[PDB]
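Enquirer: The lines below spell out each chain.
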Amino acid sequence: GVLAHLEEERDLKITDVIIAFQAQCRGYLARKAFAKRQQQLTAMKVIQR
Amino acid sequence: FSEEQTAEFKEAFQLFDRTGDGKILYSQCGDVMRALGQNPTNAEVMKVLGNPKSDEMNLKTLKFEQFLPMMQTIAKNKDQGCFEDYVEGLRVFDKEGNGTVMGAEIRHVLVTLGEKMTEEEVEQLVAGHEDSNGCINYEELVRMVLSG
Amino acid sequence: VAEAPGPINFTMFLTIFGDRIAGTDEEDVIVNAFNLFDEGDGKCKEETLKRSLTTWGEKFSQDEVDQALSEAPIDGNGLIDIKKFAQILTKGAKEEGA
Numbered sequence: 779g780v781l782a783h784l785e786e787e788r789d790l791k792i793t794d795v796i797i798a799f800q801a802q803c804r805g806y807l808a809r810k811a812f813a814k815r816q817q818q819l820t821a822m823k824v825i826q827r
Numbered sequence: 003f004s005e006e007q008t009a010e011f012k013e014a015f016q017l018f019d020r021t022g023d024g025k026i027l028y029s030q031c032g033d034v035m036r037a038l039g040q041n042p043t044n045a046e047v048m049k050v051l052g053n054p055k056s057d058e059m060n061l062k063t064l065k066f067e068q069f070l071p072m073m074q075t076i077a078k079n080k081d082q083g084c085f086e087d088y089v090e091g092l093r094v095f096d097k098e099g100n101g102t103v104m105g106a107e108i109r110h111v112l113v114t115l116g117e118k119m120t121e122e123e124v125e126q127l128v129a130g131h132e133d134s135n136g137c138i139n140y141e142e143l144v145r146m147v148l149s150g
Numbered sequence: 099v100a101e102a103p104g105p106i107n108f109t110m111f112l113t114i115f116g117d118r119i120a121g122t123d124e125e126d127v128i129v130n131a132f133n134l135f136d137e138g139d140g141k142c143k144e145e146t147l148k149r150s151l152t153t154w155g156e157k158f159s160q161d162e163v164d165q166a167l168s169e170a171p172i173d174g175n176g177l178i179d180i181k182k183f184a185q186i187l188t189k190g191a192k193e194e195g196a
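Here the protein sequences come in this chain order: A, C and E.
Throughout the first sequence, residue numbering follows the deposited numbering, covering 779 to 827 in sequence.
Throughout the second sequence, residue numbering follows the deposited numbering, covering 3 to 150 in sequence.
Throughout the third sequence, residue numbering follows the deposited numbering, covering 99 to 196 in sequence.
Any given hint could be a false lead.
What the hints assert, rightly or not - Restricting the straight-line Cα-Cα distance to at most 30 Å, the calculated cross-link-like pairs of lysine-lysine (DSS-like) are:
no., chain 1, residue 1, chain 2, residue 2
1, C, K65, A, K810
2, E, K157, C, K25
3, C, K12, A, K810
4, C, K55, A, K810
5, A, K823, E, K141
What the hints assert, rightly or not - Per the computed footprint, the stretches of chain C lying under chain A, defined by three or more beta-carbons under 8 Å from a beta-carbon of chain A, are:
no., segment
6, 22–36
7, 83–90
8, 136–148
Simulated from the structure, these hints should not be mistaken for laboratory data.
C-beta: ideal position from N, C-alpha, C; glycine also.
This is chain A alone, in the form it adopts within the complex:
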């Protein structure tokens, strides 16, 4: 058994890899991409007038 558990652990501590990174990726993406749905709105109001 022995050596194989240490390998197990070392995969287990890396099998998620990595929510905290993806959350930063996400974080970044929303506050940029939103600019579109931000943009189109008052434009729709011009169209109405």
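Take the given structure of chain A and dock chains C and E to it, following the hints.
Expert: Same frame as chain A, but now just chains C and E:
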């Protein structure tokens, strides 16, 4: 928060609305938290949301005085992931140790592990940061998501 | 004439003319009207301009759309918005004021 920035925080929430009806959903909540200054784990959000499924996640509404305790509860937030953790986090698949990984594995791992991404979420994030061999160096990709 | 108190001469004329700074939206804002809805450099799918004018926010009648629709330059199932904007408000018509 100060009524100074809280005024601004309110505005960005109001600019998230769809109609005017004052009600940003349990969905969009995550983007409002982001856009104010956060990068929550989708879990951090789910925590203060009160654990809904897709149905009432889409159906339940929020208003700002339902949101501001949420944004406040996270913000003074536990542990914020440094450059050093993150590089080792991506370093995981460097078959030897090189500092470099192929942009195909990297496009994929983010579409299979942790808070899984779509191709859309990945391509915009990663593209143009592979080199002339199709390796993305991770070290700069990590810095890129930091100062962004 | 009664948009001024009486003797609309060379000065009273321009006295009301300049001071009135408000009315309709600017044409470049009016390009932004549908130019901010497009997801790339492209156009606007006609289904989306019909569905919106009737359903969304401030609503038209059928009548209101059909009038706007015979005037509306449809091509390739896409109401290429940039031209319709110039169609409504460029060096526009005379006469109506002063």
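Enquirer: Hint compliance check: list the failing hint numbers for this structure, sorted ascending.
Expert: none
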